[PDB]
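Here it is: the structure, laid out below.
One chain of protein is taken out of this complex; the other chains stay put.
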Amino acid sequence: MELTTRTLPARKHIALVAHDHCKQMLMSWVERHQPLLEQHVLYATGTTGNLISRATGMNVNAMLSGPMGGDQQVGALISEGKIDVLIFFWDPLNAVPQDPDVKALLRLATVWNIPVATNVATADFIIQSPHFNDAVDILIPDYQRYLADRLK
Amino acid sequence: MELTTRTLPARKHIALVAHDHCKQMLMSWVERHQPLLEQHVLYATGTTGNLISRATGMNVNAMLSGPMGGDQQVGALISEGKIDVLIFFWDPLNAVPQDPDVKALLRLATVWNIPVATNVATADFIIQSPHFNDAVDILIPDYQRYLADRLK
Amino acid sequence: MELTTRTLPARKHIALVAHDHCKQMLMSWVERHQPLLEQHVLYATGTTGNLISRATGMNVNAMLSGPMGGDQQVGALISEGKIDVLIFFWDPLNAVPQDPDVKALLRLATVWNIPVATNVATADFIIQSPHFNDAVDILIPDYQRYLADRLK
Amino acid sequence: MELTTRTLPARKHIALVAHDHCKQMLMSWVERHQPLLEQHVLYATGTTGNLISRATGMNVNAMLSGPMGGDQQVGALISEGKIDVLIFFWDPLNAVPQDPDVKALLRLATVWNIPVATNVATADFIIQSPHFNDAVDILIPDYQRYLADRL
Amino acid sequence: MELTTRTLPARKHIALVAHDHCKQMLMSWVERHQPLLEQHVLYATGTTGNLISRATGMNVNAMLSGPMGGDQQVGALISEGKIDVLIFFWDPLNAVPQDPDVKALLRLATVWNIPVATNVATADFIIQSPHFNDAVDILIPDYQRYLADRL
Partner (left out) sequence: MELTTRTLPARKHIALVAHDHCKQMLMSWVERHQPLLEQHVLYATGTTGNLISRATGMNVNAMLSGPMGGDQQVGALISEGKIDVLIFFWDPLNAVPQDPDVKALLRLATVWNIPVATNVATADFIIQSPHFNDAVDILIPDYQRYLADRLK
């Protein structure tokens, strides 16, 4: 449908989310890039958020735990254009009860066209990118026109 | 233990959501109960919310459209205890792309134990219940004890 | 789609189903409302059924266990107009093997427009509704007309 | 879990089901095997059943249409040991709203261990197999034991 | 859509896949038919493959374990016409994380119209079928015409 533009700020609002068997990976990743991450705004789901702040002293805006709605809170923030980057390490080897929430979240990150990482390799390539700390124009769906065509 | 208590106010915060093929059904339902619904606070996804407001003249807090993240916004409000009742007329005869969002939303409504109607019959029974206009206590999981246990 | 009507008898045919982690939740709910439930016809899936009759002494028409086909037996009965109310406490925090059966059962309960509760709050609202003990009409899809078109 | 046995009678109770895009495929298959199928008991979902009846003239016990509950009716019969063979030509190239019912039906057919064909090739192999026309014993889960242990 | 034909060779390429809870049931099925299976070419997912080889001494082309991609490797071979029969005993009573890989594999087997068995009864009917050791023509999508219309 109709697409418009949005500018990701130089200072990104990053969401960090990880499944239990993936928390250790996210932790190491975060500790390895702390100096850089400290330059942006950090958000996370309940458990993930607390484990990170307690371990690194970084300021993290913790949302509810994933199974309790954290994923949907993050999804909502992305739709509202309040989250610019999503680092979501989900477990591809273990059945998760909130699997629909997981798919719904990834679905929204895809439609709102924001940088998304589901593994370390992708996360490294993203944060080591030269424009990670710059303003970046992205194409996003034009809700205004979308809804307008719906009310006709 | 693992559960606590929440009190639903007399003036309920109602979320109204409907798939395209079920919108007429929801519209009719809303019209036949405009008198009572006017005494409560209404929320709704994009398209649904506008249609209702333009047809009945009631104040409706419209969020994004479902496919664009509206379901997750509703789910978020529910997890935050800002939505007391959910009327979600999803289409059981049509496949939708935001199906994971649909499932995730119903999953949260189940978790947070709030009144949920997925069809007209259930909506009618719920709205005709006595203390529907009264303050009612519901059992909800104790998030504090939950998160605390997570961070052991 | 064409719609016709069906009359819910005063003495409702209630199906009671609960996943393992919600069984104590359902049991407790049934005992609290025994004086009321005793006035209706009860049906349930294998395990749930036996646990109820053995704990309350009430007569329950037990079907097969969910995983073994119980869910579909209930779905069939619903489509056939033999079940008027569905109380299905599925687990929102645990993945189950018969998940497709769960979704298929809730899909049909939605299609045939009967009161459905997936949590305690909704269930309480339904049974306290004034017409829970009266005969009431509900709108249902007109199958004959639906099939005629299919063969048109 | 403990297993027991069930006998599949010579005269089989067959459930015939097909998605719209696969109906023609099932119709052709049923027509070229009519002489044999006429010897067994046929069951089908609503639309499929009616189409087969008027096209071949055979007697078919039509259940409700799939989207309307037909699939679960068939599942119910299978779990009750009333269906011996399932011919389900579902469409692998088109999204279906009753997808959960489709997966649920197939899950049950697996559980109760009855012959199941989801395509023509499997359907042909099945009906050309010797035990299709005679009684044969199959292993099934022992429900009694299963339920007893649950309690 | 547009169809064409393929001929399964008398000597079939069989893929054997089973979830943990169904492995033993697959082992018993294999040994019970070893004489016949010995005359064919066997493929299997990682764990399943090695278990069969070590127990019967039959040669088996072992692929990666299912969760690691083995289901997709089998799916790939099927679409390439390298697999003629699929014996997939998936667990109908236990959810697996690679559930999508399971559905995708079954979806392809359906599309490419090859004999497929998800339980013992179906597997026995197919294996006991007369033309199991003969060349058999099956109808398959005409990929050429298919891709041609796309562009």
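A, B, C, D and E are the chain letters, set down in written order, and residue numbers restart from 1 in every chain.
Here is the rule we go by: a contact is a pair of C-beta atoms (placed from the backbone, for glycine too) under 8 Å apart; a residue touches a chain by one contact, two chains touch by 3 or more.
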* **Candidates E:76, E:138 or E:139 - the one touching the absent chain** => E:76
* **Absent-chain contact - pick from D:75, D:92 or D:100** => D:92
* Which parts of subunit E are in contact with the chain that was left out? -> 46-47, 50-51, 64-65, 67-73, 75-76, 78-80, 98, 100-105, 107-108, 111-112, 141, 143, 146-147, 150-151
* To do: Mind listing the subunit D residues that contact the chain we can't see here?
  => 91-95
* Asked: In the whole complex, what residues of subunit B lie against the chain that is missing from view?
  -> 67, 95-97, 99
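Convention: only the chains that are shown with their structure count from here on.
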* Structure fact -> Counting C-beta pairs in contact for C-E and for C-D, the higher total belongs to C-D
* Asked: Between subunit B and subunit E, what's the gap in Å when you average each chain's C-alpha atoms?
  -> 46
* To do: Using mean C-alpha positions as chain centres, tell me how far subunit A is from subunit B in Å, no decimals.
  => 26
* Structure fact -> Residue numbers in subunit A touching two or more further chains are 67, 95, 98
